[PDB]
Amino acid sequence: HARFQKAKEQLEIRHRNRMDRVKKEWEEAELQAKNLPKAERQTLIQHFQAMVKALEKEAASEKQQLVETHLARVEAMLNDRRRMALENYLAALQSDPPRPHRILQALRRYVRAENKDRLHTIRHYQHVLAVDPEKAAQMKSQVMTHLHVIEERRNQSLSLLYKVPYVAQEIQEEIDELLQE
Amino acid sequence: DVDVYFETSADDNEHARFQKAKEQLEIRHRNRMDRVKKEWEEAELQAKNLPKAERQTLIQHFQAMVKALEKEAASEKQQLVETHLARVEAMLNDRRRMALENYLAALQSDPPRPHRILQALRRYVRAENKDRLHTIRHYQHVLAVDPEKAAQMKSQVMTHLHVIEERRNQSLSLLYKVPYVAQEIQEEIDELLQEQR
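Note that the protein sequences, when read in sequence, are chains X and H. Under UniProt numbering, think of the first position of the first sequence as 387, with each following residue one higher. Under UniProt numbering, think of the first position of the second sequence as 373, with each following residue one higher.
The hints are simulated quantities; they were obtained by calculation from the structure and are not laboratory data. There could be a bad hint or two in this list.
To be verified - List time: in silico SDA-like cross-link candidates among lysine to any residue, alpha-carbon distance up to 20 Å:
# : chain 1 : residue 1 : chain 2 : residue 2
1 : H       : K449      : H       : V438
2 : H       : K424      : X       : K409
3 : X       : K409      : H       : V376
4 : H       : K394      : H       : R485
Required output: the full structure, derived from the provided sequences and hints.
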């Protein structure tokens, strides 16, 4: 997250310096053309305007490359941590005999990882909602489906506690705490 | 390479320098596009054991990545074109202005030499033809690759062609104020005025 925040800052600076430089150069070109007819001055300014629009399209495009690269990496980290937390939960659930509090530890790490997947999904989606309504509209179906998969994955892991009903009551209140975020 | 083009003053080698900078940009973008495509595909490989929905979101990011890279390329390409067009237009306008001045000056000289006026009129009309031909040609280029962008600039293309035609006819009408000269080069004038039709 920090590495992305740092590249994001360098990108904004880079975009600012370039926008300022090009603007200053083209305006310098407009000054040298102050003695030219009104029509020649307009088409030059029109070129400057097209120049600005291409620069803004370039800037947004480079920002999108950063974001797509960032999102993919975060999703990889969230999916991998969840996998390892799930394995440790299964292994602790199959141990002989099963100690209810080593299982509680493993269940905590898994459920909280799912919450972290949940938190990142909602946060990024709300971010897109605030700045780009149509992009949010496009990802809307997939956002909901993923949140539903997280919920199913949760309940699915919890259903494994039914297969050991005794342990489930010895940590029922901690589980209820965990489930209340 | 390409960046140097933007800080190189227009001259007679502007067109060539632009053509090579245009080519270097297309190559650099393809090289960048290829490198990135390879990297993400390895990430698609490393995620092959994942559920079908999770690989979809990864592939979907790659698609969004390609779309961003293509927007970056076209954007950098348009910057090149806008810079080039301004440079060509300034050289064309300066050449027309100098030729029109020499034509006016030759027209008011005492006495007016009919072949000095002809010589000057040739440089002007041919400068006007170079502007006209450039306008049509760039338009055809945009038509060939981006029909929708061409349709939007068409109106300005037509107006620019109209101004050229107006400047032409007005400059030619000034020959009526010098009845002697106009008769001795009428046939040269008629040839000149039909050039590049």
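Results for each hint:
1. Annotation: proposed proximity of H:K449 to H:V438 holds, straight-line Cα distance about 16 Å (limit 20 Å).
2. Between H:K424 and X:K409, the direct Cα distance comes to roughly 48 Å. Violation of the 20 Å bound is thereby established for this hinted pair.
3. Restraint check for X:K409 and H:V376: the C-alpha separation of about 17 Å stays at or below 20 Å, so the hint holds.
4. The suggested pairing of H:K394 with H:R485 is violated, with an alpha-carbon distance near 46 Å, which exceeds 20 Å.
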